[PDB]
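*Asks:* One-letter residues, chain by chain:
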Amino acid sequence: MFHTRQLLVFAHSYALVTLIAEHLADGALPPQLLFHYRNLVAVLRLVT
Amino acid sequence: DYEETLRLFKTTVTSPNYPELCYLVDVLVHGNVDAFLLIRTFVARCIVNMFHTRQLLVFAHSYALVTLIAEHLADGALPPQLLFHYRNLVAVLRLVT
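Those protein sequences? They're chains A and B, same order as listed.
Sequential numbering of the first sequence, starting at 1, is according to this note's numbering.
Sequential numbering of the second sequence, starting at 1, is according to this note's numbering.
Fair warning: there could be bad hints in the mix.
Taking beta-carbon pairs under 8 Å as the criterion, some of the chain B residues facing chain A (in silico) [what the hints assert, rightly or not]: (1) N17; (2) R54; (3) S62.
Here are the computed distance ranges between Cβ atoms for each label pair [what the hints assert, rightly or not]: (4) A:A11 <-> B:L28: 24 to 34 Å; (5) A:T48 <-> B:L38: 38 to 48 Å; (6) B:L6 <-> A:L46: 12 to 22 Å; (7) B:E71 <-> A:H12: 42 to 52 Å; (8) A:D26 <-> B:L6: 18 to 28 Å; (9) B:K10 <-> A:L16: 22 to 32 Å; (10) B:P16 <-> A:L8: 33 to 43 Å; (11) A:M1 <-> B:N17: 21 to 31 Å; (12) A:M1 <-> B:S15: 21 to 31 Å.
Some residues of chain A that are not near chain B, with every Cβ distance over 10 Å (derived) [stated by the list, open to error]: (13) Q32; (14) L34; (15) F35; (16) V43.
Keep in mind the hints are simulated off the structure, nothing from the lab.
A virtual CB, placed ideally from N, CA and C, is assigned to each residue, including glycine.
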């Protein structure tokens with residue numbers, strides 16, 4: 001989806017974003033795609 | 001100017017996906033020079049793979065490993081940019097002292 005439509009998906013839900021940031025970091029995704037979700041979690045931490 | 005290296009360092013140490021065996025190698029070497037020298041190729045492959053697949057440089061959590069990488073792993077055997085990041089860590093240490 002990122003390659004084709006230039007948008008990251010599963011961003012509509014907290015649970016999927018957190019799970020992707022945690023469990024999908026060992027590889028799989030290119031590092032930038034992971035870093036976007038990681039930055040979203042970081043934004044939540046900053047607001048906290 | 002060392003801001004780039006410090007930003008990479010902060011990214012690494014804050015990252016929750018820091019690989020575990022970095023702790024294992026660190027606790028196994030004790031910072032013993034001969035022990036590290038035995039495991040050169042392993043740690044070099046680790047740092048290169050972890051940098052390419054993840055935006056972080058490993059073994060940054062340990063002073064002994066950082067200094068050993070900066071000193072011994074400089075004679076080729078590693079892409080220059082990562083070696084310079086470790087050099088900049090050591091140079092920051094010298095500047096603050």
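*Asks:* Now, for every hint given, state plainly whether the structure supports it.
*Replies:* Evaluation of the provided hints:
1. Nearest Cβ of chain A to the Cβ of B:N17: about 4 Å, under the 8 Å cut. The hint holds.
2. Interface restraint check: B:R54 against chain A, minimum CB-CB distance 6 Å, threshold 8 Å, status holds.
3. With a least beta-carbon distance of about 21 Å to chain A, the hint placing B:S62 at the interface is violated under the 8 Å criterion.
4. A C-beta distance of roughly 41 Å is found between A:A11 and B:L28, which places it outside the suggested range of 24 to 34 Å.
5. Separation of A:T48 from B:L38 is about 45 Å and conforms to the stated range, judged on CB atoms against 38 to 48 Å.
6. Take B:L6 and A:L46: their Cβ atoms lie about 19 Å apart, and the range 12 to 22 Å holds.
7. Separated by about 50 Å at the C-beta atoms, B:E71 and A:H12 satisfy the suggested range of 42 to 52 Å.
8. In this structure the hint that A:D26 and B:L6 lie 18 to 28 Å apart at CB holds, the actual value being about 26 Å.
9. For the hinted restraint 22 to 32 Å between B:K10 and A:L16, the CB-CB distance of approximately 27 Å keeps it satisfied.
10. A beta carbon spacing of about 19 Å between B:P16 and A:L8 contradicts the range 33 to 43 Å that was offered as a hint.
11. The hinted range of 21 to 31 Å is satisfied by A:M1 and B:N17, whose Cβ atoms lie roughly 22 Å apart.
12. Checked against the given bound of 21 to 31 Å, the beta carbons of A:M1 and B:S15, roughly 24 Å apart, stay inside it.
13. Interface exclusion of A:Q32 from chain B breaks down, the closest Cβ pair being 8 Å apart, not more than 10 Å.
14. Interface exclusion of A:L34 from chain B breaks down, the closest Cβ pair being 8 Å apart, not more than 10 Å.
15. For A:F35, the condition that its CB be more than 10 Å from all CB atoms of chain B is violated, with the nearest at approximately 6 Å.
16. Listed as outside the interface, A:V43 is consistent with that label: its C-beta sits roughly 14 Å from the nearest C-beta of chain B, beyond the 10 Å cut-off.
In the structure shown, a violation is registered for the earlier hints numbered 3, 4, 10, 13, 14 and 15, in ascending order.
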